[PDB]
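Since the structure of chain A is provided, determine the placement of chains B and C with the ligands on it from the hints.
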Amino acid sequence: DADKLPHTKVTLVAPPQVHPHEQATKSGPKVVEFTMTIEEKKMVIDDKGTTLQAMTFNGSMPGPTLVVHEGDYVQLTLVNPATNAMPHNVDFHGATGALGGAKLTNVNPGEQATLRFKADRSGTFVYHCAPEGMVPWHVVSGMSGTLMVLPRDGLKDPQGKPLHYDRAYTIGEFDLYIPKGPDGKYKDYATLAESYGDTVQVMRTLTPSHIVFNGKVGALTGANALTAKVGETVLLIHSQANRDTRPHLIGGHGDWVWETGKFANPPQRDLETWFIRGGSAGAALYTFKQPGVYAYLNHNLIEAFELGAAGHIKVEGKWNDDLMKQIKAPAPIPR
Amino acid sequence: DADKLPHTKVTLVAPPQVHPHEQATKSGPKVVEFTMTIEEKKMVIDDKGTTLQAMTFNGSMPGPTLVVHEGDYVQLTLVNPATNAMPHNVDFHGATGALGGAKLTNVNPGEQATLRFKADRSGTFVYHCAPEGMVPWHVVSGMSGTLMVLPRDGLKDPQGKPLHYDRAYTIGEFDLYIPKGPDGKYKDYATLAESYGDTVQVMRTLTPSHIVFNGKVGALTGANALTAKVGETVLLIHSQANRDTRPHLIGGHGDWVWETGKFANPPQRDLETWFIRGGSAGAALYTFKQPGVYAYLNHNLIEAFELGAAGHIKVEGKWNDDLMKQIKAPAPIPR
Amino acid sequence: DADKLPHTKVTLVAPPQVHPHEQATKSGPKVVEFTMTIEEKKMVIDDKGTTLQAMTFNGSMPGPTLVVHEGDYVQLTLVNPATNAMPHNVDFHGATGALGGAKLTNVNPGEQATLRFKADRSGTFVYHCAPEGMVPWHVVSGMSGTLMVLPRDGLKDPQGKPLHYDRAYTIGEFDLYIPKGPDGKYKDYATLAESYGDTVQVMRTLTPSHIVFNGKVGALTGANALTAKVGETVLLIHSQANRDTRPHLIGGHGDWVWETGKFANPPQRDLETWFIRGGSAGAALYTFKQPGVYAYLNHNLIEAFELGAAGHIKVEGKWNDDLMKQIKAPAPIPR
Ligand SMILES: [Cu+2]
Ligand SMILES: [Cu+2]
Ligand SMILES: [Cu+2]
Ligand SMILES: [Cu+2]
Ligand SMILES: [Cu+2]
Ligand SMILES: [Cu+2]
Ligand SMILES: [Zn+2]
Ligand SMILES: [Zn+2]
Ligand SMILES: [Zn+2]
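Chains as they are written, first to last, in this note's numbering: chain A, 8 to 342; chain B, 8 to 342; chain C, 8 to 342.
Just chain A, with the same shape it has in the complex:
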């Protein structure tokens, strides 16, 4: 019975960071309290100025990652401010009953609600908005994120040996469906409601205009690249609420991967490319061994390089000639 448990309050952080948390814990179960505020807004999603009439949890695509442990209760206050036009709700894949909580969290602008559910299964789980009759539109417009439910004793390998990460990053991948007018240029809409019909027509083609990490082409590149150093283990959380994707670290590997994202199952090792089913979150560990700029991308290379599904990780440290060496630099072919 959850009425008599300790309560705790978590402050969420913006992706690609994940809020402070423990992996293995000596703690017993708690009610962990979170709040999220819905924001509708127009967003620039590419380098040429294209806009999306977007919908977000907490002002970001994806929403923030929520972290608890197996046996905890998640208690979320979902706030829909009066500045928004549309009703919203939340469907937690990590939860049992009531369409993931969607039936109990229907909030119109100016309303809020509080849902509690038991996080009784370990793994990374999508959450997303799911208003009746509008579900795909809200999802593709940006309303998704990850709940990570860690085992109380932390992550385990297939033999039950301990695994860990030293830093965690959360990547949401969004297939977008931006309409075009008769001149072949992307449409710019003055309100969210006026983008709907044209967008639905593009959706039904099943061909995204853009496929982006974290809300924009280039979101995780340049000054916003992810960072690590040789000898550090990174956890890459990858959510796709609507459409399959195939993550790959160029120059690296998935050392241990839960591609279905559920930690009571053994992970696979040594992956070049893994698969995240649309409507799921998966999780990869990798310990860096070489310094340099890596690319983390969807390995449909059209979706990555043409449509936007690619980011960078900048890694500090010492080069290792045992793992890789340039034996002869590029040079003229011998006479």
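A hint or two may mislead.
Which copy is meant is left open, because identical chains are indistinguishable; a pair holds if it fits in one copy or across any two.
[What the hints assert, rightly or not] Below are the DSS-like pairs computed for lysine-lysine, each with C-alpha atoms no more than 25 Å apart in a straight line:
id, residue 1, residue 2
1, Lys110, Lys325
2, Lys110, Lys321
3, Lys187, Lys55
4, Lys236, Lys325
5, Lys325, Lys11
6, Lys335, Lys11
7, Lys33, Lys168
8, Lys187, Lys48
9, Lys335, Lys110
10, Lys163, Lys33
11, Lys325, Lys335
12, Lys37, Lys16
Read the hints as simulated data drawn from the structure, not as lab findings.
Chains B and C with the ligands in isolation, oriented as in the chain A frame:
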């Protein structure tokens, strides 16, 4: 040697039901006898009256599910009545040799044949029609279904502990390719043969017009929803003979899932969304814990809500506030 | 330290063959030396004369398969002759650092280079070209292949029991994006550089014009079918550097399958259809039990039969009535 085994006769039932059968059995091997009769017919596949020039095993999409045990022999009489226009056959993925039996079951209208093969591998396996030079057309037009080969000692978890189901439902998901005329409306064809050319042109786009469960948008909703009650374990058999899909129970989980559909492999637990490769059948167990109306759908949410790949399960029983509770109903945001 | 190891030289062979190699080996680690020469050329890819402005490793799609053992070093000399127009490089998914080696192998026409890396992970791994700003184009134009890194003690089943193959075949599957002019016919380009813009436009549609095994519709059919005999175990290596595929043997199975392609993970058994994620290579074993002509294909049946992703295996030996028997040949339905 199968000539000296006991024979048994199974009466098939219409999807989404599965014929009566045992899971673990004290029985030794038998020749299990089935009959199916091909029916070509025009079918209404959406709410706006669109038709498909369809092709079926036994009058349904999908065909009925055939259930035997590992070590049994399947002995199928395939009947192609003279009222049909086209030749047909059957390729059982569960079988070894002769293109799954297709080479030995070529039946023209007014013909029949009887094939026997050993069901020596456990799992859910697609069967489908595969006439030379017409294979994709027959498949996408409706000619597929599932053979379920159960282990003689029933289903097992990764530690070899027993698993079971209390009721079984079979879901076939069909990507359809309905042509349109110059006015943008779907074409209605007076015969099956006259739909072919236009359909092939749509197929080669790889963009389905509709993606439906069990032959129609809404087939498994309203008065035709699947049913269960809290504490009952349901087995959901999901076949897709042509194109990938990503099943998800909204408000539930895949408790134990064989997404490649082969029961000699350990299942994965706690899945939010699983993957059925085109050309396969997979199987999920879930034990209900909350009452209510769940949605079972393809979690490409465009494919589900826009194109038709979604159904309902109506579950009886007592609500559980431990698993989920509305802490505060929707209400105005505080002054 | 690799400077003091034995060196060996491997002569590569054209797909679908794989060069001579051992499975389990008493050998310790070596530096294994390979050379590949890039060739740009125009290729006929279908039966109606359509051309592709192609790019290859060693004159074939896919490139040749390189085979080493876990703990070996791969030492590749990559040659870009002056007869080529474009710069090239190589990204080995099996390698760690420097974008898979791409950063250390940038070769302009008339240049070469030599890269060494440690093959420290077992599995089948894609390699492909990855020039800055042109990555998808080079890949879809043909520049990919497989590195197979075998465990030093050979392949193992989930219980650690030995597995083997008697012959190995390598299949590369290429999604192609051939543009069309205003008359609806495929364009023929006089040079590689003149195909680029039009091709990029087709790529961004995500709809391939053709999907072929080994460079052409029908490449692995007729006089070029793969061959085996009853009682022989075949290893089918399946690479797709850009786009998902779903291999299936019609009339057969995947006896043991590593669909993510990484041999330190247990294989799945009894598969009807497996999944190769775009940007990966996977591996299936099957021991033939029936003679005849099998089809090995992508089980999106449109992609197979309409677009080209299908081949044949011709199998010698004795028919087995226990596994399959025609009980009654096709005949009129009884009076
Ligand atoms: Cu919403
Ligand atoms: Cu969902
Ligand atoms: Cu047929
Ligand atoms: Cu098939
Ligand atoms: Cu290149
Ligand atoms: Cu790559
Ligand atoms: Zn307006
Ligand atoms: Zn007519
Ligand atoms: Zn010219």
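>> Output the indices of the hints that this structure fails to meet, ascending.
In response: Violated: none.
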